[PDB]
Amino acid sequence: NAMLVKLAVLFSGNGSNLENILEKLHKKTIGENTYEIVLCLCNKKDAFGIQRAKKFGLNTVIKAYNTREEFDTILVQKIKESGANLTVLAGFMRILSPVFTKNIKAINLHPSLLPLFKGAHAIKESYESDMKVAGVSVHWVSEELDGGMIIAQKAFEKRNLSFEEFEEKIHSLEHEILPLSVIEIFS
Amino acid sequence: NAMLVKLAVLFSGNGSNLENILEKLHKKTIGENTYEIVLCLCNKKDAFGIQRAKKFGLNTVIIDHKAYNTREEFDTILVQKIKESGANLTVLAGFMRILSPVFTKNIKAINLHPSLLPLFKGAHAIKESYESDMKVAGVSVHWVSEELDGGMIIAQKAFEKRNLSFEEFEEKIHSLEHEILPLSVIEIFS
Ligand SMILES: [Cl-]
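One line per chain: the protein sequences are A and B, in this order. With the authors' numbering as the guide, the letters of the first sequence map in order to residues -1 to 60, 64 to 188. Quick note on the authors' numbering: the second sequence kicks off at -1 and runs consecutively.
So that you can see chain A by itself, here it is in the shape it has in the complex:
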């Protein structure tokens, strides 16, 4: 009744959420499950997260296509032959066709209480909102943008926090919920 969970993490730039998932999951044993990241993927060679991945003995598989369907076909290919049981989108800034979403079990992190504040400007719009609560969400990746089945979400009270303090709470709640997210899926 034991499990070795192989994970793939996709990124396009910084490598923050990528590095946070490694420290808490890569080859770490948590409960009855053991986890390892078998794939780190990037679409831009100049991204810094590649050298961040090299800090865990993890080489990174590297707008180079005029065809999205042809591009996503390679993503699916790499994830599958890695043996990854789950793909985790971490700062991956690209639009994924059904070529990916129909054939890859993937999860994504969103800095808002879905389905509220979908899209990029979630943190900004949620702070300026007259709502008094905010949070972060983890959901499955579907054909519907940020509309996949919600896995987990945590809510907090905005109060008199400045935008800096508010944003720092979101980025902290993310680093909590996202590594935790993978765990619940297999427990």
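The set of hints was computed from the structure by calculation and includes no laboratory data. For each residue, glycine too, the CB sits at the ideal point set by N, CA and C. One or more hints might be untrue.
[As the list claims (entries may be wrong)] Stretch-level coverage of chain A by chain B, calculated; a stretch enters the list once three of its residues show a Cβ under 8 angstroms from a Cβ in chain B:
1) 113 to 121
2) 124 to 134
3) 147 to 154
With chain A fixed as given, assemble chain B with the ligand onto it according to the hints.
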């Protein structure tokens, strides 16, 4: 400075939030303010909330919505009774009547809604918020604009859904309701 905040409370049924308002605010003095519910109004004569009001010595004005042909004539009578009560703020606590501009343009009012607005507007919030794939839910208090359930939000609280049944989910909802509504009224007057 010590104003006498007059409150009008509108309800339709059990009156749990009404009773909770009375228990925390009626003839009670918090901070600089001394609150007094000067009107309890219901549109149903058989509502149990009337009995809860009697404990505090308050009679409930009954305005049967079936006794009037239009929502407007029904509303003009609500207005006059709130006006002739001298209330400073009208609190909608389980008041299940749509309100025409006759009310909304003339009465300064707030409303309690058992969901995290602007999500789950309407009278099926608790059931929809439970069946939803969302892992959090809660309640909201908002000003009463012309837009149904769309007024400016003044208070919100959330709880994690986790593993509550709908019976337990509903309890937690009404639990937060009883806490957040009287606090909202206090927050407005400080
Ligand atoms: Cl996103």
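For this session: Provide an ascending list of the numbers of those earlier hints which the structure does not satisfy.
Result: Nothing - there is no hint that the structure violates, so all of them hold.
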